[PDB]
Amino acid sequence: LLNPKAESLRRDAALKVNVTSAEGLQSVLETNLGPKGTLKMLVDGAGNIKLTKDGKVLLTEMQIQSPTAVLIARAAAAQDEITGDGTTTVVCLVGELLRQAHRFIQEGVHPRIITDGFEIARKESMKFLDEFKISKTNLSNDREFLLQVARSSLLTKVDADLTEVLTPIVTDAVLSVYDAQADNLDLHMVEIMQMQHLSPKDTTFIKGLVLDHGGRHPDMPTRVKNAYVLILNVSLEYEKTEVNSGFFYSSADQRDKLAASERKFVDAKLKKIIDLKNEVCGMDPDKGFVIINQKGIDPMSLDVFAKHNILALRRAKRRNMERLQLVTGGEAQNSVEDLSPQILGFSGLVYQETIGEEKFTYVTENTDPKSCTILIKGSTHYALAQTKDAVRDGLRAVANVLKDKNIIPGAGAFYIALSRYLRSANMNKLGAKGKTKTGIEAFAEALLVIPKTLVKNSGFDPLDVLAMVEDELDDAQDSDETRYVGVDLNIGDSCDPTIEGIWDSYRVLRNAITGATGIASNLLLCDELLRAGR
Amino acid sequence: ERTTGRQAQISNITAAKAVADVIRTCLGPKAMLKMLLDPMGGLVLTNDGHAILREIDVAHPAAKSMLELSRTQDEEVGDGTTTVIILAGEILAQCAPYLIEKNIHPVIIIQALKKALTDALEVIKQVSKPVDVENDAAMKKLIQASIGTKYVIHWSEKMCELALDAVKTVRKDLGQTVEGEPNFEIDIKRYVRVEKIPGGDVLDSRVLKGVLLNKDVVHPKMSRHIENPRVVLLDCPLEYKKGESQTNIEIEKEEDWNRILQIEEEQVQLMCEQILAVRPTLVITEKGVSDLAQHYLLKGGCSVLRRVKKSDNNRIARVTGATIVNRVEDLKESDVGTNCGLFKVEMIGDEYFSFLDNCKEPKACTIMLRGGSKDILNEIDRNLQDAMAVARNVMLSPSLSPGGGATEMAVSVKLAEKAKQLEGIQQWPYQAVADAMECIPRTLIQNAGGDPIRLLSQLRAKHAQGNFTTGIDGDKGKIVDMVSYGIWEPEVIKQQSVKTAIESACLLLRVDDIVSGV
Amino acid sequence: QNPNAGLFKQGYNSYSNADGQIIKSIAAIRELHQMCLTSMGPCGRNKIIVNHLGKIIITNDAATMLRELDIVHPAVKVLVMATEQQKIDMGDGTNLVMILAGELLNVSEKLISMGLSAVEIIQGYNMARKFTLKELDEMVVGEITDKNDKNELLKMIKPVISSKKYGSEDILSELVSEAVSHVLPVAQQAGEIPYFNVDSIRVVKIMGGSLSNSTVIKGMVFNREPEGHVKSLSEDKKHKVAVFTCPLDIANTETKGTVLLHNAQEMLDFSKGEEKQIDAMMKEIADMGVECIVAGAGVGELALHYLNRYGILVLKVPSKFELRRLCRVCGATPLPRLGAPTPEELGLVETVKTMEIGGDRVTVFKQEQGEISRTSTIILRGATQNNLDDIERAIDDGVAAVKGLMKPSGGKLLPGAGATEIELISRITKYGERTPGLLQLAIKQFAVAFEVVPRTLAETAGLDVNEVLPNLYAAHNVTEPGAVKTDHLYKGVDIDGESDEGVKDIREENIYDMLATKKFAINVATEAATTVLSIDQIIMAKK
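From first to last, the protein sequence lines stand for chains A, B and C. Residue numbers 5 to 538, in UniProt numbering, belong to the letters of the first sequence in order. Residue numbers 13 to 530, in UniProt numbering, belong to the letters of the second sequence in order. Residue numbers 7 to 549, in UniProt numbering, belong to the letters of the third sequence in order.
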């Protein structure tokens with residue numbers, strides 16, 4: 005009963021290996037879960053080094069033969085595209101749910117009752133999901149509350165020293181590009197650029213756009229306040245005669261005469277550009293004139309623009325020019341003859357950071373920029389990738405808070421409560437089945453892995469924190485009031501998640517409980533591992 | 013190289029047993045998922061039986077013969093593909109000790125399976141109950157079993173009306189003792205072929221009798237509607253032709269250019285005179301038509317329609333009667349397209365169409381599918397063929413059988429009682445067939461978590477006392493009645509499940525040696 | 007017979023925390039940690055590393071050795087990149103960062119044996135770092151006035167040049183301080199714009215002579231020969247110099263101008279053409295007053311013949327990186343063309359001569375007063391080739407510390423050579439009992455991690471470990487009859503090898519560690535150890 009070049013596991017051994025292989029991935033991702041987790045380093049073998057605490061980012065770089073972990077990586081594919089954060093939490097819910105069910109499989113329980121017991125408990129969890137959630141107002145004055153929300157995303161991926169630096173940056177990045185109405189928010193308007201040779205604690209927020217190539221000349225002004233931005237599409241580099249010709253010269257002096265004839269085409273355009281500056285606020289104080297000039301610049305025009313204290317730029321990215329049209333407002337001017345003062349825009353203080361290797365020009369202080377830039381600066385390679393992974397996860401975490409009016413407290417507040425609710429509700433209801441109790445109890449015990457994992461990485465006994473929370477929840481029910489309890493990782497005792505400021509998005513936990521239950525149920529449905537096609 | 017002795021009979025049984033034991037978990041709505049490991053990092057987690065069998069590579073030829081049966085069984089009916097393979101594999105497993113340990117000649121077993129095939133089909137006819145196929149409200153509830161739990165569940169009300177009108181369109185009900193019984197001649201493949209039209213609404217989708225074409229009138233001023241249209245079909249296009257032999261045309265003198273220009277108008281006009289000989293009201297050409305032939309046929313009072321596929325012309329001959337003719341010079345006047353209902357060119361979905369339809373039922377038609385997008389049309393497409401396949405089995409005979417293992421047990425009980433009165437050497441393999449009929453509902457018991465020993469013995473006792481309609485529930489897992497709780501299956505699935513499985517099991521027992529050679 | 011389990015991913019070399027991976031990552035760094043323990047300090051030792059080009063190079067500095075070594079351990083690369091933070095952003099502390107970050111992992115093993123989580127270990131160092139950084143502001147006694155005087159530079163430069171080639175710190179200090187004072191412009195009451203640059207000082211070396219024969223010249227000295235009949239110019243000030251990027255050859259045409267050989271009549275026109283054209287092009291250069299031609303590319307044979315009759319010095323500079331810094335000296339501009347020495351692109355130089363350095367004739371490019379240059383050159387002499395390599399690297403580390411003298415607290419100082427490291431231990435242990443909670447275990451071990459700096463100074467000096475350590479404890483811990491602690495806070499680890507006994511104040515030798523080096527090294531040492539302690543798992547492949 006076999007085929008050549010094929011391997012198969014029969015009876016229940018095919019499922020036990022799939023669960024055991026899933027337990028191996030659990031122990032790997034059990035250490036890095038939460039703000040007390042660990043920062044993993046992976047090596048591709050070509051010399052690349054990446055330090056990331058995110059679950060999905062690690063799974064994409066890792067190669068796994070186990071087909072169970074492949075579906076776990078595919079399960080996290082829909083998590084980042086929807087939730088954007090908490091992929092490690094989903095894996096811990098899938099693995100422990102298989103471990104708790106592994107004990108019941110050895111007792112002779114058919115996996116369908118175990119699978120149906122998880123789906124029935126999933127539908128009951130969604131009913132308790134809407135009862136436990138807290139409705140948050142849509143007012144834009146909640147930035148003070150958003151500071152605690154930003155800390156929930158930041159404290160996980162960093163050492164907590166960069167959180168206070170990134171807290172005002174990430175919070176103000178979303179609110180600036182977002183006008184106040186129902187509408188929605190677009191994170192594409194926030195650009196992320198990086199530069200090395202500096203410390204990570206120097207990270208600052210950029211309200212405008214950061215440009216790559218800066219003006220090179222000793223007489224160009226470094227700081228220009230209240231300058232008019234002009235988008236210039238003409239090429240200011242060296243030009244040639246409009247008709248095909250050649251340079252015939254007996255002496256070097258005659259070569260400059262033939263070259264100057266072609267240089268007058270550029271000089272004729274330079275005279276029309278400088279006339280626009282003197283026309284509008286030429287001698288007026290607190291005024292400036294800056295030339296963008298997407299195309300290049302010849303060395304002769306650098307001296308002409310420097311005498312007038314004009315900031316000149318050349319060789320700009322085509323995509324970055326489309327943002328300057330929205331931020332500054334200046335239209336693209338193709339021809340110099342058609343240049344008009346109505347094309348000129350407006351901008352605030354423009355100061356260029358002078359560094360030998362690279363120079364940045366800030367477009368910031370704009371009337372209607374409608375864009376933001378988060379500049380992540382670090383000396384090493386992993387310092388740039390770690391913070392960028394925290395910002396992209398931080399921007400998407402705050403995004404779901406403003407889009408979805410519902411918010412849930414974190415720090416195991418939903419996991420411990422739902423495990424307590426489903427335990428006492430199944431005994432009072434008894435509407436499913438007597439054999440389903442094993443599937444419902446296994447799901448209730450599988451929800452306690454997260455509060456035990458978070459405190460385990462901190463070093464405190466997960467058994468003592470579990471008893472103190474359950475004793476506090478029982479005392480809260482006897483007092484007839486609403487009191488939310490959560491695990492405090494720093495002190496080790498319980499805490500109020502509303503006062504501490506730990507909050508989780510409603511859309512993140514809704515797809516986490518539903519996603520982890522549906523994927524782990526499909527793993528238990530596997531009868532046999534077939535090898536074919538070779 | 014070669015396999016002799018009784019070991020080759022075991023190799024044929026283990027070949028079918030290996031394929032059967034894998035798909036045992038694919039039966040029922042509670043069927044467990046299966047994980048196939050390819051040499052590539054990818055995997056297939058789906059529980060579809062037909063999708064897994066196509067991805068399994070087998071060595072022994074008897075295992076390939078079982079895969080060839082699944083390819084034919086999947087085309088006849090939509091579901092029950094793995095049921096035939098499991099049934100055919102279990103019969104060889106139950107007859108394994110009789111063929112090997114009992115030292116019984118295989119032809120004795122093969123001849124016994126021929127008698128057990130007829131005896132099993134007679135029991136299904138007695139267990140099945142009559143159903144009204146002319147009731148429109150009853151057929152929508154029968155198709156709904158293949159509708160719900162799918163993406164079309166929201167349109168299920170519109171899907172049942174679209175599937176019922178589609179089955180009633182292709183079918184032709186005729187019977188008599190004069191020319192015989194055609195058995196309604198229902199063919200889903202060729203005659204039910206659908207044309208997906210983007211835009212519109214799912215409710216707006218209609219089933220039209222005729223051939224739908226996307227080509228409009230090729231002339232700006234022409235009659236767009238004909239009262240009594242006459243369709244003429246032909247192959248050779250209308251345009252300037254060339255000589256069949258080597259043709260070398262070198263024109264130098266200025267007065268030699270007009271000679272070819274006059275021949276260009278004559279060669280096109282001669283092709284139009286052959287068409288107008290019957291005085292048709294329509295002209296349909298398989299290939300394109302030159303602009304010259306457009307004006308020549310315009311003066312003849314007929315519409316010109318070019319660029320028609322060959323697969324469509326075969327279906328046009330059913331709705332029209334025009335005989336396919338290759339050369340235009342051979343076109344007979346017997347090809348008149350009379351009895352063509354409507355020529356209406358009315359545009360649907362920002363694309364000019366044409367109507368070849370009529371008031372009669374040739375058993376040929378093109379279903380008009382419209383929806384919210386092209387992805388919705390693809391989901392309706394595959395779901396409409398599966399909905400019609402279930403409705404086809406209902407229209408082939410007014411009988412329905414209880415599912416969930418009730419029909420499987422109803423045959424095993426009557427087979428064990430009838431075999432006791434035969435009193436022959438074939439009596440022993442009949443009990444093996446009855447034991448194989450009990451494994452199909454027992455497989456549902458193993459997938460439902462219930463005790464296969466206790467539930468199977470109690471279910472068999474309920475057939476000898478109560479009715480034969482008591483099956484096993486998928487959702488619950490306890491013995492319940494199928495008729496009262498609304499679980500039914502058509503008989504045609506049961507007819508092809510018993511016949512094809514036993515016939516394939518006989519062919520595997522006929523091979524006692526494997527010949528190696530090209 | 008024996009199955010395999012525990013690796014579910016692919017074939018690789020896998021490490022898990024159950025095998026003591028945190029100890030293996032520290033043990034791998036410990037292999038290269040002992041090399042840096044014997045490096046820092048004036049008694050440190052030098053290591054030999056053969057380059058991949060077949061050249062033996064020996065140096066004390068670890069930042070150079072870490073680049074030449076092949077390191078397959080990624081955990082070590084964290085400290086290597088942390089060492090680059092000491093070499094790039096600062097001019098000192100490359101040897102100290104490897105000793106501190108390596109010891110922070112050694113003292114962390116005691117917390118791991120007790121079962122303490124790595125997060126509380128990192129949190130303990132983060133709280134202890136803020137306690138140390140707060141004290142570093144109070145550890146400063148004196149402050150450099152930044153007068154930029156020659157005598158004032160000898161105080162800061164001397165300890166920076168130290169811990170390499172000991173005994174030459176007095177001679178090398180006069181050579182560096184003289185070159186730095188020439189680069190530093192004369193200005194007052196302006197602190198906004200930086201002035202000193204690292205690349206403004208180019209060091210040269212020539213075999214022969216001794217270290218005492220070295221001097222300091224203002225300019226950029228070239229070792230190449232004049233290549234022509236003109237050895238040197240006169241003493242007249244403001245010599246016109248032309249910098250030509252295009253090589254010296256017959257003038258060509260910007261449009262096409264391809265030379266092809268077909269008939270022998272063209273060959274005679276090519277030889278006679280190069281004679282007439284070059285003589286015409288070089289004549290127009292001499293008519294405008296250019297007495298020196300700097301050609302970045304090669305020079306033809308016919309070009310050297312005509313320039314000898316016009317009295318023009320020929321100078322070739324094959325390195326294009328030196329021509330960019332040359333424009334800041336004479337003021338000339340490179341011309342991509344040839345034959346048109348525009349006077350706007352011409353510079354001025356007062357003195358260009360040819361002097362004998364180490365026994366070989368080299369053309370010196372220098373000045374006196376006018377046309378102020380920002381570039382200086384340090385001339386070195388010596389018999390040993392390997393010793394001159396470390397001296398140039400010692401000057402590069404010496405001038406890089408001058409960059410740290412700018413606005414960000416460049417004048418503040420603290421006693422070094424083991425004086426501050428011991429005094430900080432008593433202050434950290436003072437905060438250990440002051441701060442309640444589980445952090446007391448990490449704070450006490452954070453002060454013990456600073457005991458490796460004085461220990462290595464005693465090991466590299468041949469001193470007994472049992473001697474210097476208890477002597478420094480009783481020196482920095484005393485009972486003063488009063489509220490203010492008095493007497494000697496300056497007791498360091500003495501170089502010894504002579505004199506009498508024990509330790510002594512480091513102020514006697516005028517040696518100290520700059521605050522910008524010490525304060526920045528602590529932040530790098532903690533972040534380097536934070537990364538290693540935060541990684542409990544790695545995945546690699548066979549290389």
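Think of the hints as simulated: they come from the structure by calculation, not from any bench. Check each hint, because a few of them may be wrong.
[As the list claims (entries may be wrong)] Listed next, the in silico DSS-like pairs over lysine-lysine satisfying Cα-Cα at most 30 Å (straight line):
#, chain 1, residue 1, chain 2, residue 2
1, A, 439, B, 488
2, A, 437, B, 322
3, A, 441, B, 490
4, A, 273, C, 83
5, B, 474, B, 170
6, A, 363, C, 262
7, A, 229, A, 261
8, B, 42, A, 441
Now the hints, each set against the structure:
1. A:439 - B:488: holds, 12 Å
2. A:437 - B:322: Status violated; Cα separation ~61 Å.
3. A:441 - B:490: holds, 18 Å
4. A:273 - C:83: violated, 54 Å
5. B:474 - B:170: violated, 40 Å
6. A:363 - C:262: violated, 38 Å
7. A:229 - A:261: violated, 40 Å
8. B:42 - A:441: holds, 19 Å
Of the numbered hints given earlier, the model fails hints 2, 4, 5, 6 and 7; all others are met.
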